[PDB]
Amino acid sequence: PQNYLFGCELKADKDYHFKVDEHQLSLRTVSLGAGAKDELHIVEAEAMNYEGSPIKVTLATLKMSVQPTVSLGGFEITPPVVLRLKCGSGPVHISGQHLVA
Amino acid sequence: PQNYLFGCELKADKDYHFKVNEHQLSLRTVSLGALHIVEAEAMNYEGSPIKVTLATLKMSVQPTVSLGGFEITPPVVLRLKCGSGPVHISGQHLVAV
Amino acid sequence: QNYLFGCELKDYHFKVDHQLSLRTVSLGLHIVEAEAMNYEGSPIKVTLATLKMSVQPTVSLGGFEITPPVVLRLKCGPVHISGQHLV
Amino acid sequence: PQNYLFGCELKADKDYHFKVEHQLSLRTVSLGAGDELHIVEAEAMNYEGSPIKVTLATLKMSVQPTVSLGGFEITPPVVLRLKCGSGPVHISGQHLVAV
Amino acid sequence: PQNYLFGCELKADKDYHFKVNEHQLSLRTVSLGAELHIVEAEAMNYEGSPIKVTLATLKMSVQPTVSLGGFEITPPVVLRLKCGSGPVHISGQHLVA
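Chains as they are written, first to last, in PDB author numbering: chain D, 14 to 34, 39 to 118; chain E, 14 to 33, 38 to 51, 57 to 119; chain A, 15 to 23, 27 to 34, 40 to 50, 57 to 105, 108 to 117; chain C, 14 to 33, 39 to 52, 55 to 119; chain B, 14 to 33, 38 to 51, 56 to 118.
Everything labelled a hint here was simulated from the structure, so no lab data went into it. One should not assume that every hint holds.
Which stretches of chain C does chain D cover? Using the computed rule of at least three CB atoms under 8 Å from a CB of chain D, they are [said to hold, decoys possible]: (1) 64-77; (2) 81-91.
Label pairs and their calculated CB-CB ranges [as the list claims (entries may be wrong)]: (3) E:73 x D:15: 23 to 29 Å; (4) C:104 x D:117: 28 to 34 Å; (5) C:68 x A:82: 26 to 32 Å; (6) A:69 x C:72: 50 to 56 Å; (7) A:16 x C:97: 36 to 42 Å; (8) E:104 x D:24: 32 to 38 Å; (9) E:22 x B:29: 26 to 32 Å.
Below are the DSSO-like pairs computed for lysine-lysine, each with C-alpha atoms no more than 27 Å apart in a straight line [unchecked claim]: (10) A:80 x B:24; (11) E:80 x D:54; (12) A:103 x E:73; (13) B:73 x B:32; (14) D:32 x D:54; (15) E:80 x E:24; (16) C:24 x B:32; (17) E:24 x E:103.
Where is the CB? At the ideal position from N, CA and C, for every residue including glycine.
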């Protein structure tokens, strides 16, 4: 399956909507930006579950002073996908891989 | 297989039971919400319930741990050994027809 | 076939009559030590992980495969080892 | 397929460029011997063919100097750079070659 | 193929050499024994010349262990402590086919 690089930046007032016209999106790591203030950050991913109902999960919790980067080592998800932050001014960078077969 | 997103929130007084074709639960992340030990109970080789510590999180030290695809065969029970929480578990539900 | 496996480290001898896939080591300075066979047919002592309460109490092994029999022990310093039994 | 070692060094005034089926499985990003925030970024092809830059990792000596991307696969050509931090910063990983 | 346990102790003064029915070294974890330490692994590259790459950088007061999760290297391989007094423990898998 062909692999491409994928990246996006998420802030307090901005979410990412990964949409496709089989495709898969696995997240390698989530990183904190230089300008992020000293407070907690929590990343959420919304996708499809087995019961045909959209769900929310917390991808990771990052903090500047504790753990600036948290690698999910490829958190595979079927698109469409929604990435959001519930707290933190950001920016936060989600780096993943877009797999198309 | 079929890849679906799965997530749950665990507290001191709230367990989670995963029950459900072949199904698997691939945990990847356990993150502290806004000393917390997560326990997973499932079947062992010899056929009895077994309690294992999935991860330990702490606000001051490490709020999130990546299991890198900890596979479990359902049914499963996720609980918090200690700490009020909340603690968010996120992973992959694998369904094979 | 995958089964959930765990133990608390005092030694632990895992023997089944198979593969043992270590995933996580958690704290309840500590070092987790593993004994199993090498290529040259001699046992070897290796540090699976080094943990400390105040700097990090958890380590993810990401599926460290070992062929049984194996022995786990605590070199220095309770801790919990969790992983998968594969048949 | 064929598994070779790969490593490179990045600084404020030095980025690295990878040209050559070939693949780059980045494994670890480490801080060198020589307190500010460090950000390591990689840019490569997107699905629409538009070069995009993705923050590989954020490191800091006093908080955590090493990050493992567990083989983060990226198709060459690639460019790795430092958004911030004086460096030096070491990137290591695999080079996959298929005959 | 077959997998065996593998490990070594890297000293500040003494490096470790690995030589050898096709064999791989799947490095898993690098840890501190009982200052700033850096581990280096050298082997062949795609141009047929040895290279130096930093496996990890460890410090007692920040984080004394890091897991690479299957860093595969084709032998022969040389591991060495670029800096730090050590000792440093390397653990991993030796894969034989």
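Hint check:
no., hint, in the structure
1, 64-77, "holds (count 10)"
2, 81-91, "holds (count 6)"
3, E:73 x D:15: 23 to 29 Å, "43 Å, violated"
4, C:104 x D:117: 28 to 34 Å, "32 Å, holds"
5, C:68 x A:82: 26 to 32 Å, "47 Å, violated"
6, A:69 x C:72: 50 to 56 Å, "51 Å, holds"
7, A:16 x C:97: 36 to 42 Å, "39 Å, holds"
8, E:104 x D:24: 32 to 38 Å, "35 Å, holds"
9, E:22 x B:29: 26 to 32 Å, "45 Å, violated"
10, A:80 x B:24, "22 Å, holds"
11, E:80 x D:54, "20 Å, holds"
12, A:103 x E:73, "24 Å, holds"
13, B:73 x B:32, "17 Å, holds"
14, D:32 x D:54, "30 Å, violated"
15, E:80 x E:24, "15 Å, holds"
16, C:24 x B:32, "33 Å, violated"
17, E:24 x E:103, "10 Å, holds"
In this structure, the earlier hints numbered 3, 5, 9, 14, 16 are contradicted, and the remaining ones agree with it.
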